[PDB]
Amino acid sequence: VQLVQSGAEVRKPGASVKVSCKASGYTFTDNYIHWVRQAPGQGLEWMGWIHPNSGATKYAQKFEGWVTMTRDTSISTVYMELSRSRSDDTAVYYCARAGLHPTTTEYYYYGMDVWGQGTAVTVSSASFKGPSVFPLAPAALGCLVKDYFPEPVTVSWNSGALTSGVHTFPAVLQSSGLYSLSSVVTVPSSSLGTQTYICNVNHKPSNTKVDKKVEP
Amino acid sequence: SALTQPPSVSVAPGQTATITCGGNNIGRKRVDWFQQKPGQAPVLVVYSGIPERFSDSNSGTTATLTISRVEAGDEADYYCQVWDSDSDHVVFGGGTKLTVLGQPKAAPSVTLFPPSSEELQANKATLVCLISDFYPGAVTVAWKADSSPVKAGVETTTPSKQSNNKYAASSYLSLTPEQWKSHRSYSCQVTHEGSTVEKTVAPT
Numbered sequence: 002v003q004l005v006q007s008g009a010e011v012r013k014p015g016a017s018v019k020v021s022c023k024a025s026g027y028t029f030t031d032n033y034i035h036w037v038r039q040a041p042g043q044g045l046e047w048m049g050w051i052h053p054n055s056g057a058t059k060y061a062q063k064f065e066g067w068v069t070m071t072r073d074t075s076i077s078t079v080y081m082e083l084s085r086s087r088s089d090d091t092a093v094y095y096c097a098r099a100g101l102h103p104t105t106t107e108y109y110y111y112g113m114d115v116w117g118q119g120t121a122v123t124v125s126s127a128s129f130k131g132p133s134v135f136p137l138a139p149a150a151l152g153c154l155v156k157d158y159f160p161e162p163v164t165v166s167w168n169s170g171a172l173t174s175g176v177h178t179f180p181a182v183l184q185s186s187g188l189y190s191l192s193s194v195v196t197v198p199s200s201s202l203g204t205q206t207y208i209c210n211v212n213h214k215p216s217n218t219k220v221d222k223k224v225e226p
Numbered sequence: 002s003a004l005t006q007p008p009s010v011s012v013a014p015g016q017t018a019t020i021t022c023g024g025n026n027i028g029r030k031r032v033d034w035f036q037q038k039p040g041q042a043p044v045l046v047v048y055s056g057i058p059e060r061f062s063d064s065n066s067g068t069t070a071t072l073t074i075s076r077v078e079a080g081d082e083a084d085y086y087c088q089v090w091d092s093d094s095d096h097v098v099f100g101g102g103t104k105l106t107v108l109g110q111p112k113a114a115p116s117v118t119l120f121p122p123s124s125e126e127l128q129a130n131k132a133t134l135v136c137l138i139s140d141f142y143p144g145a146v147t148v149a150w151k152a153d154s155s156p157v158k159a160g161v162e163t164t165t166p167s168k169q170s171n172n173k174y175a176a177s178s179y180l181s182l183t184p185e186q187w188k189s190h191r192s193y194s195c196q197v198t199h200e201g202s203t204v205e206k207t208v209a210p211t
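Just so you know, the protein sequences line up as chains H and L, in that order.
Residues 2 to 139, 149 to 226 in the deposited numbering are what the first sequence spells out, letter by letter.
Residues 2 to 48, 55 to 211 in the deposited numbering are what the second sequence spells out, letter by letter.
Next up, chain H with everything else stripped away, as it sits in the complex:
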């Protein structure tokens, strides 16, 4: 039994996100399905559960009124859309199934045993932008992809020919809302002038891919 959630989401404030949780491997109407939400780099927080059979909804205290949890049964999937999102709602949302059967008759609450992948939802007021790649001259070489959104930019060197010393770093989100990352590759000092290195920064969301060259 495995749960499959929807793809990653990136929406501006005011736009609605819908995370679908698909269940395969059991009688769909058997047990509950909860929706734990994890903030960026923080602890888990409960959102509520939905019984796919009856269709009832039980929402958490701070998640009521703006979170609607639906069910389909026909496609054997569960939803959890949030109409009119906000910039503080950026988080990784998780669906779970209460598959654990109680070890006692006193406390008959099924525990979460099967967990979905986790649809990383990112909500921010920034508009899409393409990374401007600059060369970092020199031993160690380097590249700079500056001021871009939304994550991710996939950086490799020489169209995948180089993997020895490449160490593409993590993006440092600036105050303006635009990300920025650098990629450095240590190449032998004797080779400079006898080898051409090219950044292969490729940013699909902005449809911007540039093979810029690093030269002294």
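Treat the hints as calculated values from the structure; they're not laboratory data.
Any given hint could be a false lead.
As the list claims (entries may be wrong) - With a straight-line Cα cutoff of 25 angstroms, these simulated SDA-like cross-link-like pairs (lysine to any residue) come out:
hint	chain 1	residue 1	chain 2	residue 2
1	H	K222	L	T183
2	L	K38	H	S7
3	L	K206	H	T196
4	H	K222	L	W90
5	H	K59	L	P143
6	H	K63	H	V124
7	H	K223	H	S133
8	L	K30	H	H102
9	L	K173	H	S133
10	L	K30	H	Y111
11	H	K59	H	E82
12	H	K223	H	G170
13	L	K30	H	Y108
14	L	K206	L	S139
15	H	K130	L	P184
16	L	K168	H	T164
17	L	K206	H	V182
18	L	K104	L	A13
19	H	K223	L	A209
20	H	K13	H	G66
21	H	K130	L	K131
22	L	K158	L	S189
23	H	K23	H	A9
24	H	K63	L	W90
25	L	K131	H	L183
26	L	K173	H	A181
27	L	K168	H	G44
28	H	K130	L	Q128
29	H	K59	L	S94
30	L	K206	L	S189
31	L	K173	H	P198
32	H	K219	L	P121
33	H	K63	L	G101
34	L	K30	H	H52
Once you have looked at the hints, place chain L on chain H.
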């Protein structure tokens, strides 16, 4: 209607880790335990003879999961939850960052690049301090320019581990082009476990 969990716990490999989840009237309730390795979704923990590393134990007031014979694959966050029958809330814990301190120290190699020549044609400047292969995680980074610290525009990454299981981070210092050409030299004074590494660049 709350559950307490310590923020950090450091245990040597092969020892015994003891995580606590403090509630009240939790004797009847059975607290489930979770394990969220970084990135991946949390996986619900499930407990001579058949040897057992994990033992779920509850004792009325504070229920403590005990990890025995700590392995490197146990380094993760651990959570606890229970159904509040009184208030009808499943209450999660704060999560305990179990850190396995088996790996030894490693001085951080620092690489610093000056503003690109193409940057300055756009009338903008951005230096870049790159600290790689550090350990454990302390990387206090300070920006000194022309023998004076510069704090305006310094932006540093929060440390994140890498493929070699050593932690590396980065720091950027946006600047005006007229200011960058004015001073004689710049420096990225990175401090780590009391030891400071420094690289210097100049407007050539």
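Checked hints:
1. H:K222 to L:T183: Between H:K222 and L:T183 the Cα gap is close to 24 angstroms, so the pair holds against 25 angstroms.
2. L:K38 to H:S7: Status holds; Cα separation ~21 angstroms.
3. L:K206 to H:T196: Holds, at about 17 angstroms.
4. H:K222 to L:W90: violated (56 angstroms)
5. H:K59 to L:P143: With a Cα-Cα distance of about 43 angstroms, the restraint between H:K59 and L:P143 is violated, given a limit of 25 angstroms.
6. H:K63 to H:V124: holds (18 angstroms)
7. H:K223 to H:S133: The hint holds at about 13 angstroms.
8. L:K30 to H:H102: holds (13 angstroms)
9. L:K173 to H:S133: Distance of about 29 angstroms is beyond 25 angstroms: violated.
10. L:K30 to H:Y111: Holds. L:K30 to H:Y111 sits at ~12 angstroms (cutoff 25 angstroms).
11. H:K59 to H:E82: Given pair H:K59, H:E82 holds - Cα atoms ~15 angstroms apart, limit 25 angstroms.
12. H:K223 to H:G170: holds (15 angstroms)
13. L:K30 to H:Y108: holds (6 angstroms)
14. L:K206 to L:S139: The given pair, whose Cα atoms are some 13 angstroms apart, holds under the 25 angstroms limit.
15. H:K130 to L:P184: Holds, at about 23 angstroms.
16. L:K168 to H:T164: Measuring from Cα to Cα gives roughly 18 angstroms; hence the hint holds.
17. L:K206 to H:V182: Judged against 25 angstroms, a Cα distance of about 20 angstroms means the pair holds.
18. L:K104 to L:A13: holds (14 angstroms)
19. H:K223 to L:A209: Given pair H:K223, L:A209 holds - Cα atoms ~22 angstroms apart, limit 25 angstroms.
20. H:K13 to H:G66: The hint holds at about 20 angstroms.
21. H:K130 to L:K131: holds (17 angstroms)
22. L:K158 to L:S189: holds (17 angstroms)
23. H:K23 to H:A9: Holds, because 15 angstroms separates the two Cα atoms, which is no more than 25 angstroms.
24. H:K63 to L:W90: It holds: about 17 angstroms lies between the C-alpha atoms, which stays within 25 angstroms.
25. L:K131 to H:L183: Given pair L:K131, H:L183 holds - Cα atoms ~18 angstroms apart, limit 25 angstroms.
26. L:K173 to H:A181: holds (17 angstroms)
27. L:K168 to H:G44: holds (19 angstroms)
28. H:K130 to L:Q128: holds (20 angstroms)
29. H:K59 to L:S94: holds (12 angstroms)
30. L:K206 to L:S189: holds (19 angstroms)
31. L:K173 to H:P198: The hint holds at about 23 angstroms.
32. H:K219 to L:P121: holds (24 angstroms)
33. H:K63 to L:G101: holds (17 angstroms)
34. L:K30 to H:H52: holds (22 angstroms)
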